[PDB]
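Construct the entire structure; sequences and hints are all you get.
Okay, here's what each chain looks like letter by letter:
Number of protein chains: 2
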Amino acid sequence: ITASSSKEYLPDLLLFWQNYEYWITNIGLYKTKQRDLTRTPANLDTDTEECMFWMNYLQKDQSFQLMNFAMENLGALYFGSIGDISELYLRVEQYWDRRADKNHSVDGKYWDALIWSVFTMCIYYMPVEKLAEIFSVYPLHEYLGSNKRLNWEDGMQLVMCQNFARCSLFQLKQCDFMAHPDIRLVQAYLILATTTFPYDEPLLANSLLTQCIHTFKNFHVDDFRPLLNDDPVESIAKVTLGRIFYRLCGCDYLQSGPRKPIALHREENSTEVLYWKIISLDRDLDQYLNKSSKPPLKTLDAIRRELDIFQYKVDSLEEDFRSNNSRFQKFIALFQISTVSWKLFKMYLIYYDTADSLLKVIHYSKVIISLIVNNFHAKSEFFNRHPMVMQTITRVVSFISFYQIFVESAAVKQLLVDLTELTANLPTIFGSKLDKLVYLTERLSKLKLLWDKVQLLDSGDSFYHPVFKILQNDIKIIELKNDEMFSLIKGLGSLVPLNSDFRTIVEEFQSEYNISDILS
Amino acid sequence: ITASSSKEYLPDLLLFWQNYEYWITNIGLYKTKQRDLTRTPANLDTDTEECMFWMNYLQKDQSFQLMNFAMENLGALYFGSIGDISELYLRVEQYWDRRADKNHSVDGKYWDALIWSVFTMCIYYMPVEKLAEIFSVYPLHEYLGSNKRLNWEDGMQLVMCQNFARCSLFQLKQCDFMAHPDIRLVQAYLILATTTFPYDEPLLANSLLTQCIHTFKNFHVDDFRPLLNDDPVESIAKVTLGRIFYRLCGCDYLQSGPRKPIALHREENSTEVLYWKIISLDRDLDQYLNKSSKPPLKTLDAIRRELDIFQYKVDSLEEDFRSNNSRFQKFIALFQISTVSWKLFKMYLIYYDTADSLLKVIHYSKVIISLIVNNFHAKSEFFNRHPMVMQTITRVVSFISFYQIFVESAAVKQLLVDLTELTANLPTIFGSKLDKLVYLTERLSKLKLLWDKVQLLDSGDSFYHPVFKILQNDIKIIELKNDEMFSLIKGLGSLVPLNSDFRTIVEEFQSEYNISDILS
Ligand SMILES: C[As](C)(=O)[O-]
Ligand SMILES: C[As](C)(=O)[O-]
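Line by line, the protein sequences give chains A and B. Once you know that position 302 of the first sequence is 302 in our numbering, the rest is easy, because the numbers rise by one and skip nothing. Once you know that position 510 of the second sequence is 510 in our numbering, the rest is easy, because the numbers rise by one and skip nothing.
Certain hints may be false.
A pair counts as met if it fits within one copy or between any two copies, since identical chains are not told apart.
[Unchecked claim] Derived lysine to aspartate or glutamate pairs resembling EDC-like cross-links, with alpha carbons at most 16 Å apart:
hint, residue 1, residue 2
1, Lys173, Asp47
2, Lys7, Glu267
3, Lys238, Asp483
4, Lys173, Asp45
5, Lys366, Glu508
6, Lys469, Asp12
7, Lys330, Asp315
8, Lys217, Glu484
9, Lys130, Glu153
10, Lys238, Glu484
Keep in mind that the hints were calculated from the coordinates and are not lab data.
In structure tokens:
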């Protein structure tokens, strides 16, 4: 092993990105939640106490203002799940007609759970200004015991959203949903999944998704196309179930990981078709992240051809600037397609170093930045709260940071500054996940520093560097935090398992920048 | 269509048994529970109130008497799930050490849920005399408001069992089990599944099973064999998980039906191996029940060869009459193997009219009767409470009743009287399911009467008879009660769907003997 100025390490280093992105930026950052059950409080009360307060807090006038907000801005998010929101107003009325009742039917409780999941979505997306005009923060501190000086914009809106989600589940529990499979469970879940709920509670969300898969399959409808011999009411139920199935598929893919072992496997719902096709393209690409095989060039070209077809349909979508439902829909479709585009070219770059790959990568990252920044012109700012922008930004700023470490490029260097800057401006509704991403970004930059300030080595057979070991350790540490063997051993009984300057740099860096800090 | 004395209808009539047995005696009788959600009370309280009483009712001295009973009689039922019961005593101690605590950890609550599922099993199997010596019925009526004149043997033991099951689930809910996957959920379920719980609550049980499948898979252990590089504690956890997996598979098969769409797919645990092999043989056979294809003769012979191998191992099991754990184990293995034997020959008879088939069918039904009657010599009477005897008796008495209708045989005629008699003597712990089976039996007998008192017709192309139509209608009615399209339509909104003397006999019989009466 001697000194080296070689570079035949880069190819395998870019191959290694795929895995890093999967374990660190995806699994570790969003789906890894440490669970020490011996120090976790049980819900003796089963949230009865908590939801007594939140449900009394919400007043009738306010609940209809949440519906109006949904009815006017969020159609692109809820249509696939609940369809037209008009009959849901009747459900809010009935919720209030029965709010005083001492006896409720499971049926009624399912509708309540559903509208409450909608209220949750509403709280999650509503601009803090509109939220302030409707609700008073003080009754919250009054009950929570939090600082009365903290306002809605200080993390209180996120707290109200998280509790509205909890009460939506509380009402499902009052339905004894496990003994009464109903399509409303899937619909409620679908609506909660438009928020960061699946990120706040990955295991709970994965269990709930499994229940939705069970609920769906429980209908035994494998063909959603209306049949001549069908009662129109039955044809409508199947077209609706079909849209739900596809939104479900969307969640199934987004919640993929070791903690989610069970897999699902015209006009406005022509958009529903477009939304699924774009996500399936995203899946077709990211399936290679944790795989060791390389996608064949001809496979990427095939995906590219479909991408151009969908980019055309996405661009043919007329967006009515007067209608905010239309605008959000355009933004969502445009962002999804750019994300898939960014990924396609990242893979062309990484696997085949294809001509123009980097240029394309730079361009779709800017398109992505541009789309987010375009909403900073308020009345659309809340569009940026969509979980997809957090996911997309995470992949982009992380890969660029990593690419910046090994490859010299002023264009990429400037892109990183813009990316780093935009990240800091993302909606605070993304909570601690946003701080963790900022942290992950600084750590990667600090990792570039180290790469510069230390000489690469070569045993003539393999290369060596502290940065390599550290990156390799990151994946190992997060893989280990996802091994359930430990919780298995702890659940079965009281048995407990027993079993160079280069090493000083690795440990030094890690105790200063613990990768475990991106976890939950 | 003219009169007929033909008999070339029997072959297809026996083929038709397979389906009848699947839909009527299996799906309809044990896995069909009508659910009108608009008239079903929600659990606003989430069982808090109910389990406050039951958990205070059970006293420490009594809880250890349940463990002793389990430790002394039920090892064959719980070993595969919880292994050796010795460390579970420590858990009962801890349950009492913390019974007064106002704060509990999720970990502690999981152990509580587990021992309570065990208490449930205990109540389900304990001889009413031993139960009476331990508990006082009066505090129950006092709280339930039921007739104070009703004693333990009057359906009160079954009520205490059903509520112990409810509180076992109540404590799992306090664990927020969906957010904390733990092997104890599977183990608790496994223990509850040794009782009739899965029959009382088919949908809830199927949802819980789905959660166990998710919990299991969540460990990502596909190989249970200990490895050289393994920590002994880790090797032990895998051997244990392996036994759990197989017991699970057992439940997965037993709970098969349209309401369970998600599928799992040395010494004392050498018995565990034997238990699974015999059940998989049972599955290999009954998979043809609702299939239209016929099992190839060579396939039945293959199953027969394995059956003789296992019948030898089952017979090589030494049973210590001094040890009741040993005796129950012998009974269980002997009963399972006879059940599989009975089914093998029923299929030889039905599909190929094989030589001696009927004789063999008659003999294994007597072996089966004999095994149950053999326990009426008390101190083993409670062995008959095993869900398997209810299932097996159901298949036997039903097929014999049906066979008695079309084929003349004094031997079978006497067997039906003995079967009909034994049914009436089965443990009352089987509740309303027992009355429904007795009812189904009378209906089939009344159906023989009708067959005798009415002439068969022949259109020269097909045969006709009221009995045929009625039997065909039974399957159709139960298939319809298992179509979830109705509940789908009701969950999505307010839309509601619109869409001869021979016919007088069919309707006459049905309004007098409604097949729907075997449902729950
Ligand atoms: C227009 As293209 C995404 O095939 O370069
Ligand atoms: C001894 As045999 C069950 O093959 O007849």
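(message) Within, between, both or neither: how does the pair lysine 330, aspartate 315 come out at a Cα-Cα threshold of 16 Å?
(response) within (9 Å within a copy, 72 Å between copies)
(request) Give the relationship of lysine 7 and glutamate 267 under a CA distance limit of 16 Å: within one copy only, between copies only, both, or neither. (result) Neither way: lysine 7 and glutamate 267 sit 53 Å apart in one copy and 59 Å across, limit 16 Å.
(request) Go through the copies and call it for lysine 130 and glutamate 153: within, between, both or neither, with a Cα cutoff of 16 Å. (result) within (12 Å within a copy, 64 Å between copies)
(request) Check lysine 238 against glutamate 484 for me: Cα-Cα at most 16 Å, and say if that holds within a copy, between copies, both or neither. (result) So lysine 238 and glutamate 484 pass the 16 Å test across copies only (12 Å; inside, 39 Å).
(request) If the cutoff is 16 Å on CA atoms, where do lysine 366 and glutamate 508 land: within, between, both or neither? Let me know, please. (result) neither (35 Å within a copy, 77 Å between copies)
(message) Treating 16 Å as the Cα threshold, decide for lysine 173 and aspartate 47: within, between, both or neither.
(response) both (10 Å within a copy, 11 Å between copies)
(message) One pair to classify: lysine 238 and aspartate 483, alpha carbons no more than 16 Å apart. Within, between, both, or neither?
(response) between (40 Å within a copy, 14 Å between copies)
(message) At most 16 Å between alpha carbons: which applies to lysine 217 and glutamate 484, within, between, both or neither?
(response) between (28 Å within a copy, 10 Å between copies)
(request) Have a look at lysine 173 and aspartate 45 and pick one of within, between, both or neither, based on CA distance no larger than 16 Å. (result) both (13 Å within a copy, 10 Å between copies)
(message) At most 16 Å between alpha carbons: which applies to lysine 469 and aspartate 12, within, between, both or neither?
(response) within (14 Å within a copy, 71 Å between copies)
Violated hints, listed in ascending order, are 2, 5; each of the other numbered hints is respected by the structure.
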